[PDB]
Amino acid sequence: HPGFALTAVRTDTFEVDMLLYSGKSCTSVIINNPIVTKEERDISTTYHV
Amino acid sequence: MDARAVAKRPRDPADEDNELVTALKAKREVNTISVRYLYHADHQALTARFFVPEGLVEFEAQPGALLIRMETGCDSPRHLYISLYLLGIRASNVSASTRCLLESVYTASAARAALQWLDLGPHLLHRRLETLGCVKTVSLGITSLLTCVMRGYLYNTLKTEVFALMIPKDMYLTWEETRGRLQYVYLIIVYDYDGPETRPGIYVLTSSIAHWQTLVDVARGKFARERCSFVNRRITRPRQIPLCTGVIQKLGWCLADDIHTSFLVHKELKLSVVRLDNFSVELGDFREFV
Amino acid sequence: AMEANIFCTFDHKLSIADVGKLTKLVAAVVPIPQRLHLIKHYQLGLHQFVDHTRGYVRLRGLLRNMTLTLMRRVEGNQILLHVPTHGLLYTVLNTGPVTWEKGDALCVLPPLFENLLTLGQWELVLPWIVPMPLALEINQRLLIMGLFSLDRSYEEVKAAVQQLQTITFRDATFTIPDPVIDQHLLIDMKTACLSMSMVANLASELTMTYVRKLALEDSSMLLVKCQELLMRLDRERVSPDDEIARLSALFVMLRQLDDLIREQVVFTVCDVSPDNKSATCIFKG
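Quick mapping for you: the protein sequence lines, in order, are chains I, W and Y.
1050 is the number that the authors' numbering gives to position 22 of the first sequence; each next residue is one higher, with no gaps.
115 is the number that the authors' numbering gives to position 115 of the second sequence; each next residue is one higher, with no gaps.
Taken in order, the third sequence gives residues 3 to 115, 122 to 245, 259 to 306; the numbers are from the authors' numbering.
In case anyone wonders, no lab produced these hints; they're calculated from the structure.
All C-beta atoms, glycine included, are put in the ideal place defined by N, C-alpha and C.
Take these hints with a grain of salt, some might be off.
Subject to a maximum C-alpha distance of 25 Å in a straight line, what follows is the list of computed DSS-like cross-link-like pairs (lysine-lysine) [as the list claims (entries may be wrong)]:
| no. | chain 1 | residue 1 | chain 2 | residue 2 |
| --- | --- | --- | --- | --- |
| 1 | Y | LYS305 | W | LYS250 |
| 2 | Y | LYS233 | W | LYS222 |
| 3 | I | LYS1066 | Y | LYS305 |
On the chain Y side, residues computed to face chain W include the following (Cβ under 7 Å) [said to hold, decoys possible]:
| no. | residue |
| --- | --- |
| 4 | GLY89 |
| 5 | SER228 |
| 6 | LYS233 |
Ranges between beta-carbon positions, derived for each pair [stated by the list, open to error]:
| no. | chain 1 | residue 1 | chain 2 | residue 2 | range |
| --- | --- | --- | --- | --- | --- |
| 7 | Y | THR87 | W | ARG128 | 31 to 37 Å |
| 8 | W | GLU103 | Y | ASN123 | 52 to 58 Å |
| 9 | W | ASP217 | Y | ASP13 | 52 to 58 Å |
Make the full structure from the sequences, and use the hints.
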């Protein structure tokens, strides 16, 4: 035994399943129509929505 | 082939249906998506997307700036995307007050690493850097998203407003007193060889000259002291191999009446810049003159 | 809505497996010698140009004179090539041995190395797409190895040639070919090396007189330091017609070296897939 008594500290990670409760119409979401944007490349054209 | 088809006016994307509209017309189906008019359809400017660490984004939170790619030989991220304003902290062509302000504002952790990488290697700035044109959006975070134009007129998505490009005042240089309605703008790097370090200067130059030979002639005329310093180091210290007292890169065309002088504010600190509103980007590579 | 395209017809028959092999090159770069509309398959690639006496730099010059094209979909009995126009953007296949990053500048080099499909008297070969710093490094190293070709017998030269031959880049460590065969130089390499060495040699004994004459007048005053540097080099170690011939020789020899001095900045790159073989870029003249 050396002349000190060290204390250790370590972390453990758990995987859990949650339950989340809320009231009727407590938050309101305001949305518009989805809008499309274009990006052009020769072999493949992509659109963002 | 027929005469009427040949004589007929060219095809009109101006009023003809977009492809998605054609498909949904064909099947007679409707999605919730507002499919008719595509954003960026008429965009001529070529756009790139870049990811950058959070420290460098300062002074880019205001749209419009030169975005530069710098090299680092480490295995981990080989390139770091740096702004022209931060690059001034290294140049000897910046007043003490402006350099102190930039040094105070950019004191985030990531910025100083780039400054270390800039001068930890033997090679000069010329071989280390490359230009990516102008940056025009922000999306902040621990890692931020930038979008940038490499052959462009510089504009917002709806083109509701033109976006200017800002240059710090100390770097801005003019070699003529009267300006033709068209003039080009260049990036200029010059080196001082008399000092112990190869001390670099950073310049941005507006000129009505488009032909390389005369521009280099005027540059060698104005930078005579720096050229003499290069020759002096070459003669004084053999077995050393210096090169290219100055380098040139072409970056822009603009209508001279557009130029304005303006102030720029971030972190409630105030910077002085020169501004070009109706700007456009044309990109060439670096080239050497002696 | 059609666009400008180049039609190519394979004169030899193509089996189904060969077409499936070729279709993997959807958007690779292919050089063509002349801008015709209906080209024959023998003209594609760089195979017709390769030779047993002519060297690499001849291929570089011919590729500079060449017209660059991009590929389009291969279909029944015909393949379509799209010639690019400046300042639009296109998709290219990274056939080169070097990976790319955003904002890299690219240039085209003649090749040095699966293999590509061949015919009875024909093979298909495509040039390299390489970032500019590596192109400079490889040209410098190959030219300097051309210089050591004369001294190869001594072991120092062998070790130095081996060290020069290896090249390192971002996660790339390939080896380039030794520009000598059977202790002899290919003739184009001989001409280029001799031209550089001569333009170096001529300047050493020609500049002194003209420099010392101009020294009397320079208000920029660095030409006098140039004179002093040349005199220090001297310390380290004629009829007018001969003089005029020597000046002409100097400039013609310099022009001969111009084949290797300047780089065509063909492409600048936009973000790349993890499929990194494929990348997008903007075409530049």
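Notebook entry, point to check: Which hints from the list above does the structure break, by number from lowest to highest?
Noted result: none
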